[PDB]
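Only one chain is shown below, in structure tokens, and it's the form solved without this ligand.
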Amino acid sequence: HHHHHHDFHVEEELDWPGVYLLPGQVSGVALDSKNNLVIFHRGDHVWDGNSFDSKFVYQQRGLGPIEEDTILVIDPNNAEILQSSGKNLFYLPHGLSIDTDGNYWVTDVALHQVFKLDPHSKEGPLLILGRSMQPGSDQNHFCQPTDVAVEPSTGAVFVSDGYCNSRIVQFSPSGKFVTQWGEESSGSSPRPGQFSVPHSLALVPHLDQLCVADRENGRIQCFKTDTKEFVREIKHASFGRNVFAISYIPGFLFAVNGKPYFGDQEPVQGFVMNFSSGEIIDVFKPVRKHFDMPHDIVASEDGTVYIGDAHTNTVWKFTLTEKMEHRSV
């Protein structure tokens, strides 16, 4: 604020070779305890108009599951693939997050399910939530579930359930339904506690909060994690129509929006917000390749930010910095 604008800026790390990877649609990103990037991709499977019918049931079961490894851990420096798994399990990968023990938490929009996986196991999922290929809206069904966040202090499993639902569901560490909140965003304006496609979750550990990217409303909703009380709404004209994904590190909320329609004024970008005020302090995009559907984002306390694209099938590494003078502008 000494010069006209703001001093924090996010910039692509150009010496990171992970941009040269050729995965399928990249649906989820996360960081493991060694700060390695972990991605969740769709191989040769694509989400299109012939994937689901009118009742949200998956059409291409006979093509089988994705045959190639679907989860990759990627070195933060040389971008080499350190390990891979997720072979012969998934149909349309979506969310990926990692709990405090290092377990993977994954969602599938075709299966309508949520998986807990031990990364160092050879004997299949530790937990499966929801019913295979069966979309629903009760305590034991999902409808195209989008993301999962697991609270390190309680072990509470939160699932954002809604490309066709409008809820967040709490589960016990043993997979048992605890509680749920949220409903479809009502007539005229959308009111607090109402989702239209809860698409991304970020926990705020020491403020006991949970943040939700409401993609169709173009906004973020924050809730108190114990009481479920609506804390706050973040909405900016810069987002445009969508907020696809969010990530928290102390001090900052990071977000990606959606691609503009023809005529739209708001480009596709990463966003950096001051977490307290909720205000956008920085806007960014890659130098190599381009955003089309940036779909998930994960930030590290060390200042690293990763983004995966579900259309250009790419992951980028970025770095948050504060500089005395702005190299650009």
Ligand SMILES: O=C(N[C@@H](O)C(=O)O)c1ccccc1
Second form
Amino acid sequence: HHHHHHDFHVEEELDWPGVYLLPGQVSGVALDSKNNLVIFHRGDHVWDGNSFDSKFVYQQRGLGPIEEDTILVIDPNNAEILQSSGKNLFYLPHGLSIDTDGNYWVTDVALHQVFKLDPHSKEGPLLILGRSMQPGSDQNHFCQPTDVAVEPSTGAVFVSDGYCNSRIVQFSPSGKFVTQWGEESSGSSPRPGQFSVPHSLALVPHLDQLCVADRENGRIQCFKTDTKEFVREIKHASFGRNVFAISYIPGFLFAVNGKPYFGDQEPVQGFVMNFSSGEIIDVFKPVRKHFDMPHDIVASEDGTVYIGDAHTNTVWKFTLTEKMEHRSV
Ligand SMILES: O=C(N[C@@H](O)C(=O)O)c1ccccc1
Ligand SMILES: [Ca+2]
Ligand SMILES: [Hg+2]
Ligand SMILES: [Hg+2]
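Structure of the form solved in complex with this ligand, please, following the form solved without this ligand?
Every component of the complex follows; first up is the chain already shown.
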């Protein structure tokens, strides 16, 4: 054959019934070791105009925590709910990732905290990072923290401290502050090592890298995991104004962008990139329902991709595929 757009295409898996789930705002997705989908959602709680004040202190405390199960593990085939937890803990759930031991790492924008959770415990968090409901910028505080990444080989814990800070903080396995890097993207053009809302983390296990979705700058920044050296910047006109979430599997970087402003050419979409060259090789969207705020993305080596939306309260399963002739060319 000839013409050379990529033969790789991501399509919604239509026989997955998880799209019919009615959670709250889906803020986080992850895969466990048995390849189940794990979602983190806000139940009846919404991040809205009344949630915070000028100084980033949560305003709906008298309403209490989310009283329903906030973390659900979902079957990859029939989408049945295998387990649930996280009841009466969280206020505005944000990030979720799972380490190699199977612990849930979780982030709360209202509490300004990060939690490590044993999924089989009925005793509560193993570790809590941050000060309850208290925003800050020093070693013991967060300011609307957004994501967590935990390196399998060292145990090092990385937290993107994002919506009101511009840093990535490293912690010990025991939760001691080790180091930190990043600053606000300065006036004129944003420069290497400067974030405007670090919003999502992807580890690259065997290339010693840590990628950050730089939300308000519409770019992805990659750093050496040990020396914090800026490695590379990924930015495309197709992204538009925002990059909400990234996820890595060997060979690929998956990303998800923001909903366009009135006037913008670039639709909301999922992106597949060749990890080496950085180039977009495919662009995709669901058949059922629609993207509004696709908010987190995870991919598996088996070629499965999951995306959760924070405005349409939906999670979708897609599969990566290479066809001799892309469905419909
Ligand atoms: O996009 C926002 N929130 C989402 O990421 C979310 O729902 O988590 C946001 C909007 C206004 C102010 C601050 C944050
Ligand atoms: Ca995640
Ligand atoms: Hg081809
Ligand atoms: Hg967010």
